[PDB]
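Trainee: My request is simple: use the sequences and hints to build the entire structure.
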Amino acid sequence: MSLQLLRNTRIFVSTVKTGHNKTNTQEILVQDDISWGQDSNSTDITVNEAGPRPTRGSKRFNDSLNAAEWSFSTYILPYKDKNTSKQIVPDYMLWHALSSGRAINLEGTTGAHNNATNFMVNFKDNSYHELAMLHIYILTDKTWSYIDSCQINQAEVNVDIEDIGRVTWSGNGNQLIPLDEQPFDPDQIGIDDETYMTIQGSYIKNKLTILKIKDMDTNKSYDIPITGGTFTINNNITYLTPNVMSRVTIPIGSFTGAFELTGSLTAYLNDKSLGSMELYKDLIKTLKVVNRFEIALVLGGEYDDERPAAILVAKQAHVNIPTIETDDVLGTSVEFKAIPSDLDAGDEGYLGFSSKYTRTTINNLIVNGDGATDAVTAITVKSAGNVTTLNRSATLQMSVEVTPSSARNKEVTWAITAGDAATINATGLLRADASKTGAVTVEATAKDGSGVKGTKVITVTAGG
Amino acid sequence: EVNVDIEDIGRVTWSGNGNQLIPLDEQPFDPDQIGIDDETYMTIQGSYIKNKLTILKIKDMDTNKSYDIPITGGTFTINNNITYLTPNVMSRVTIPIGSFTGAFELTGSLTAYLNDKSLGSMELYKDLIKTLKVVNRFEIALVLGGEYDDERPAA
Amino acid sequence: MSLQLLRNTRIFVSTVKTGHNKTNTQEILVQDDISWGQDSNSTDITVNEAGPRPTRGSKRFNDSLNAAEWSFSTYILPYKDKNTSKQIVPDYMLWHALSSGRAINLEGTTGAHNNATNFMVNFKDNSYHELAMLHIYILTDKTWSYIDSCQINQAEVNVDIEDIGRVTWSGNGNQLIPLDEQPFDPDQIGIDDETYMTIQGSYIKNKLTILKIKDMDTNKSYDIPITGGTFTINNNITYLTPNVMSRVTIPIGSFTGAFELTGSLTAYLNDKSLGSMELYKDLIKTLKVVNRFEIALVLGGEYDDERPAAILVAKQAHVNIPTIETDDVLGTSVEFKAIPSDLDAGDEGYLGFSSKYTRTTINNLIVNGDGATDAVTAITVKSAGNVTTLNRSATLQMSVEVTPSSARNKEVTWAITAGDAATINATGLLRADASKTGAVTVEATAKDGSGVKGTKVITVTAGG
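Those protein sequences? They're chains A, C and E, same order as listed.
The numbering of the first sequence is the deposited numbering, which starts it at 1 and goes up by one.
The numbering of the second sequence is the deposited numbering, which starts it at 156 and goes up by one.
The numbering of the third sequence is the deposited numbering, which starts it at 1 and goes up by one.
No lab work stands behind these hints: they were computed from the structure.
A few of these clues could be false.
To be verified - Keeping only pairs whose Cα atoms sit at most 27 Å apart, straight-line, the calculated DSS-like set for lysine-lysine is: (1) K436/E <-> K214/E; (2) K447/E <-> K124/E; (3) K59/A <-> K212/C; (4) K382/A <-> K207/C; (5) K212/C <-> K17/A; (6) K220/C <-> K59/A; (7) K410/A <-> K220/A; (8) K205/C <-> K142/A; (9) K212/A <-> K356/A; (10) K272/C <-> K59/A; (11) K207/A <-> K220/A.
Mentor: Listed below in structure tokens is the structure:
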């Protein structure tokens with residue numbers, strides 16, 4: 001009688017089947033592109049004979065149930081909750097399931113976990129045969145229905161100008177189940193209007209898209225205006241089902257396959273220095289089997305005032321040779337896929353979601369890994385007593401200052417590049433001797449990899 | 156190909172194969188007297204079948220739970236799986252020679268809206284997804300054109 | 001300056017190397033799988049020393065040539081020719097050289113001989129060390145060649161349903177000889193369009209395949225719808241080549257081996273009466289060292305109206321113990337071999353080809369050996385003067401009426417089966433005596449092996 005409507009359907013994500021509370025269930029900001037359903041495998045039996053009386057017969061049997069299909073898209077709207085005062089995306093257990101299979105723990109360091117500054121999602125503890133287990137609850141009008149033991153297969157992140165920032169989720173469940181009784185009241189679990197105002201206070205617009213590309217073999221950072229992009233995280237999950245003739249069967253667990261983090265970035269060719277054309281010609285010139293690039297795509301842009309933004313940080317990526325795409329105005333496409341340091345070392349990449357980004361915050365998130373931990377920005381090597389020169393056979397212990405003063409890693413290395421008339425140790429004691437009449441330089445770079453440069457030309461003379 | 160869809164008038168689509176298409180110069184027979192006259196055309200057009208009035212009779216033979224399902228649109232076809240056999244001669248071309256009907260298939264797809272009412276679409280769906288059985292035995296009686304006390308055209 | 005394609009090959013079968021006419025050579029319609037050639041043997045003489053600085057050198061000698069191999073596939077295409085008005089298959093000399101070692105005589109009664117009703121092949125005259133000798137002529141595009149003194153080694157017939165009736169020929173020849181000049185005009189000898197139309201009017205489809213199997217030890221006919229099968233006519237011909245060390249040698253003569261007529265028949269298991277299951281259970285329950293089965297494989301089906309057909313008849317066959325072939329639908333395999341009554345008797349089996357087989361024609365082919373010779377179908381025995389009973393010490397010379405009225409064998413035998421109150425002679429003069437108060441029977445059967453029954457229950461009493 002009463003017809004169920006699509007627009008009135010609300011989704012609930014849970015980690016447990018009983019005792020649903022605010023810490024285990026949430027209302028998901030799903031769009032109007034929802035779709036789900038479970039199909040089955042069937043077998044037909046035909047008979048082929050040669051007698052005078054052919055047997056035109058066909059007998060059908062049900063054999064098994066395929067995986068339950070579910071897919072929906074949500075808005076990327078990071079925010080801070082009033083309870084914890086820490087930036088968390090509304091759909092945080094989805095990112096936890098995509099990241100690692102451990103118990104949900106925002107106070108840890110692996111998987112989806114927040115902080116006072118930003119919400120960061122790493123895949124360092126992803127090396128599992130089975131990720132975190134969810135339960136997609138589908139409340140269409142009044143009738144209940146949920147999908148048993150869902151697991152996130154992939155997360156489709158679309159980054160295109162003229163398009164608002166969104167993410168599309170698609171996964172599979174063991175068995176979709178319809179329910180008659182309410183598992184839990186949706187009103188108090190569902191987000192109230194105040195946190196809806198708090199969430200809508202932060203929107204991410206993909207029109208402001210700035211890319212950080214830097215090769216680790218040459219450190220040639222480029223300036224590329226983005227036309228449109230897309231990067232997805234794939235788990236390659238396959239459900240395993242038994243094969244029994246007598247009765248039908250349902251899937252039993254799964255084994256996550258190979259982790260894939262691929263992305264496609266479209267951008268216009270530029271003749272300007274460090275532009276798209278220079279990147280393309282450098283890549284098509286140095287044809288190398290292996291690539292090692294710093295790619296840091298920043299959705300929503302960067303600003304001095306706190307602004308909502310989404311960040312991808314791929315430390316050691318693999319850039320496929322670009323193919324310049326012909327159109328009205330030449331716009332090329334670059335394909336990348338983040339490879340790890342070691343196949344089982346994790347650290348494929350990590351993401352940043354928060355409404356409160358300053359350029360320094362995103363910078364230290366990119367270089368150090370967290371939006372809260374500070375990193376060095378500039379370095380000037382300091383002589384032991386404002387000294388400008390050195391004579392032959394004289395010791396000089398180099399000192400150094402770093403900025404900001406709140407940097408977590410402040411120690412720097414000591415090296416000599418230009419000139420051969422002195423030496424430096426781990427502590428910085430520069431030493432000279434006889435037959436040292438030439439000008440020499442001294443270098444200093446911190447171990448956090450900010451790209452900081454500490455330089456000073458000391459005029460080492462022959463002495464008195 | 157029988158198509159049963161609302162907003163669509165009842166029609167059937169035929170598709171088959173012949174040994175060899177042949178063009179003819181002489182009239183095999185006069186079309187006028189063989190062709191239907193206007194009176195039987197009036198008699199035929201006196202009866203139309205409209206698929207908008209589609210009522211389904213579904214009943215399982217293991218439980219006898221007849222359902223009440225309003226149809227959104229359907230399609231059922233009868234297939235013979237006919238393949239023509241032709242010889243393979245290198246010197247000259249060849250034409251098909253007879254055929255052997257394969258396996259008889261009578262399949263159909265019925266689209267209908269989910270209903271919370273008793274003996275509705277949702278009850279049928281949940282019963283089927285509850286009693287997962289390899290073999291099914293159902294009374295399906297699709298009635299194109301509807302049913303009425305007065306004489307009405309129906310399929 | 002030209003390349004030769006396999007599609008332009010034309011094959012002619014001849015019994016003479018000169019004076020080629022339409023009665024000695026005809027074209028054989030071959031298919032893609034045609035193949036022919038001749039291989040050569042060699043030898044390497046290598047020195048095998050053991051010391052340092054050994055000799056490492058070889059040497060090759062051509063020593064012999066192998067027998068030429070040829071094979072091709074043809075369609076079973078019975079038809080009637082306008083010249084003689086007798087049913088004949090286009091590759092009839094192939095059948096003759098397979099069947100007998102005498103000169104071809106279609107008017108005779110052994111080997112390949114035709115009739116106004118059907119074309120027949122029997123192996124009653126194959127006791128020869130060198131069967132009828134052919135010469136395969138090959139015409140590829142423009143160049144000519146032929147194989148000298150061929151012999152039909154075997155003829156494979158595959159009952160592959162949903163396919164056309166086809167036979168595959170194989171054999172050996174003394175030597176393959178390339179001919180530079182045209183032996184005969186292929187335009188005249190090759191089949192013309194009229195006979196091509198007549199042939200294509202008649203095709204044998206393997207789908208319409210009925211099989212007639214009967215246990216001669218129990219008189220039990222089975223209804224087995226076939227799934228797929230094959231039967232072979234094999235001669236096991238081996239070609240002898242002389243060994244000469246100084247010069248290469250080609251085969252000089254041959255010798256036929258053991259004539260084998262085997263088969264293999266696959267079918268599904270049927271629970272119906274006299275089905276496949278009953279045959280399998282009877283065969284595995286008897287467990288007999290020897291079996292006497294009558295097998296009549298009828299390609300093309302049996303019908304009241306005229307239809308083309310190819311029939312293999314095994315009068316006294318030997319059936320192996322069947323096995324169950326576990327597939328999606330359970331089945332079995334009936335592997336048989338046609339054995340003769342006596343080793344030097346021939347008559348292992350025969351074949352009948354025609355484009356006009358009414359059911360009666362194939363029936364009398366099976367039971368009489370020829371499609372033209374009619375065979376008795378039913379019998380009702382008649383007394384002397386329409387008498388219904390008999391009294392003690394009274395004669396009853398019974399007669400017989402048979403159908404059809406044109407059966408070649410109109411005679412019957414006489415026997416008493418049920419009761420002991422009378423005795424019958426060869427002519428049929430039944431005789432009784434006193435003290436005969438029981439009901440006795442009389443039976444008659446034809447001498448052509450049709451399987452016709454003549455029965456009557458005479459109510460002999462003690463008299464008035």
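Trainee: Decide, hint by hint, whether the structure agrees.
Mentor: Going down the list of hints, with the structure as the test:
no.	hint	verdict
1	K436/E <-> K214/E	violated, 38 Å
2	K447/E <-> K124/E	holds, 21 Å
3	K59/A <-> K212/C	holds, 22 Å
4	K382/A <-> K207/C	violated, 90 Å
5	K212/C <-> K17/A	violated, 38 Å
6	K220/C <-> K59/A	holds, 24 Å
7	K410/A <-> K220/A	holds, 25 Å
8	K205/C <-> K142/A	violated, 35 Å
9	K212/A <-> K356/A	holds, 19 Å
10	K272/C <-> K59/A	violated, 33 Å
11	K207/A <-> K220/A	holds, 25 Å
Violation of the numbered hints given earlier is confined to hints 1, 4, 5, 8 and 10; the remaining hints are satisfied by the structure.
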